[PDB]
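Below, in structure tokens: the form deposited without its partner chain, a single chain.
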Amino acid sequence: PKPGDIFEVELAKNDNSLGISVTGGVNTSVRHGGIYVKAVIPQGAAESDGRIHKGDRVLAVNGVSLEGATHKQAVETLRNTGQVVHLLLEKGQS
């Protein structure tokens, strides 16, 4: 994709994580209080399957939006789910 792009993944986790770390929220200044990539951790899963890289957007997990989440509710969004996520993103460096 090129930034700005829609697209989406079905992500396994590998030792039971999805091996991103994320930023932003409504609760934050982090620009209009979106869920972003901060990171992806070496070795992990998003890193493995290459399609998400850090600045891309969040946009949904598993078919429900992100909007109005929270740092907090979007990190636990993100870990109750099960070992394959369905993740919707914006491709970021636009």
The other form holds:
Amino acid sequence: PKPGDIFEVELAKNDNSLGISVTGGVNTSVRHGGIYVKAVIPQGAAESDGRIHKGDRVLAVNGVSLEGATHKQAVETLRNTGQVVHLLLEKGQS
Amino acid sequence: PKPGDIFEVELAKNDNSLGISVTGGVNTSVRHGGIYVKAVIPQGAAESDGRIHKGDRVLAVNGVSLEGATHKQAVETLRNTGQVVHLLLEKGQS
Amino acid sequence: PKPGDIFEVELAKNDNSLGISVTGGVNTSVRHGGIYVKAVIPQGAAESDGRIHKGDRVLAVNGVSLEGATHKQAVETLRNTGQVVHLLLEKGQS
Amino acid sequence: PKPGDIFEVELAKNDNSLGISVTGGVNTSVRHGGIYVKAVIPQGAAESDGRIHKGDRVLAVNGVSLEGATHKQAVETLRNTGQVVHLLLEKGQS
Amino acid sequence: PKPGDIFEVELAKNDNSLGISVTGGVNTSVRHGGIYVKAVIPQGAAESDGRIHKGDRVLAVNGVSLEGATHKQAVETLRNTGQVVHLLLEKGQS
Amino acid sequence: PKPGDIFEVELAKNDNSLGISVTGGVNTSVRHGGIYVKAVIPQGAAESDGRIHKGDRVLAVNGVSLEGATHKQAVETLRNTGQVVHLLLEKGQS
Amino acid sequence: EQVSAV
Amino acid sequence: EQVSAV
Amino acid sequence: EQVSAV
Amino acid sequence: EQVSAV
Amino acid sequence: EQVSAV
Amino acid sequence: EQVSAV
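Having seen the form deposited without its partner chain, I'd like the form deposited with its partner chain bound now, please.
Next comes the full complex, this chain leading.
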């Protein structure tokens, strides 16, 4: 995808983790209160798959929007998932 | 989804199981002969994912309709699958 | 698709019609109470598109299942649509 | 869909219009700077289709996110489209 | 999309045309025998939609691959369609 | 699917393998330089899932086309993936 | 036995 | 009345 | 406060 | 070398 | 400023 | 003629 494009990924966890760290939420000072990928963990699921990178925004998880989510809410939504997770993203700028 | 809505799930097995029990089939007395989720197993795949609940109807598996399926046929179709399974469902009423 | 396969079509109306006639419903004697394509109208939308044929079953319209629908209910659901309609089908046997 | 759910619509224009009015943008005082459906126009495309309602949020158009869009930017993106338009939405609360 | 990415478009015809000209086929000297967009017609459907450009490759039409198609076969497949057409493409390089 | 139809599969690896062997590429003498499934490995992921068979063509992996790929390029693309992989295929003839 | 146009 | 594990 | 037709 | 309108 | 592992 | 495992 190019920056701004929507894309989706079915991501299988490794070690019960998606392999990303996230930042943001309506209660933070991060751009728009959005949920962004802050880092991709070495050897983790996101890295191995290769579609998600730092700066990508997470819009939804398993069909439910992360809009209006606090940081804690979004993190819980991301964690309260099974072994494979459907994620909807906006491509960031590298 | 609200009751009656179509939805789809890519579900990864746990312990080689989807984590649901199913009831129904053209040969049973269950509503319409349809295939329904009777229960969601604790700690299983469906529960952890959180999208499938008791009362949801399974319409298809890996692109093949369960219409006209006997109980035994539908169960075989659900079992004769890989580690991740595409399911097409109708949301039930809670 | 082969018989039994799920498929979907975004169909644009012609003359404000999908170009099919449908039979069935939970109140009829048609197979399973399902909603089936009885005919494809010459020069109509379905014919021109070429994916829907007599014997195909309609499972959903614009994301809403036709399960349990009476004949009249399903017909209303099919008519109460815009110029382009999302249909979910099961391929029938020719 | 229930409130908060993601959904998508392929919408055909009527009279070269989607049949909605939109409010919001990063430069306005509307919730989060998001793009929302303010009204659904009588006899228009959105109304006839029946899936989009007042309060729904538009997340993307033809695969491109409306995130960060000013009001004017989002409106241009929505207008600079063909006769059928792919829209990605979050269901609002009625 | 960036070059090489798969994307899909539901395209409504204008004047009963998709608004593109295509080149290629297994019988021609065009790259790989593939089906490519040679031009996008002013005021036509593809132009107005804005997702398809010169150099994009058409992989499938209404769910059927154009692989192995002669020029004449692919052209017939593209023409033998309804008012809205599902196209699967690979993004080209501008 | 019937021969020539496009289909897609989210496939979970077993033993860190998709369970197929592939042949072809722009540098080989295989049909069109395409990437084909040469065999499905016993007890492997593809076999267990049941949708991919010998003779199917792989068109894309995780949203990226395999068009123009050498054998080595396509193989690297298929290997440089996570635990679950999105594959886009054309159904072959049995 | 009911057939309807849509 | 038939319930099965999958 | 800006509302636009599309 | 063949170009066609669709 | 909050970063969390998922 | 090249066959590879994936």
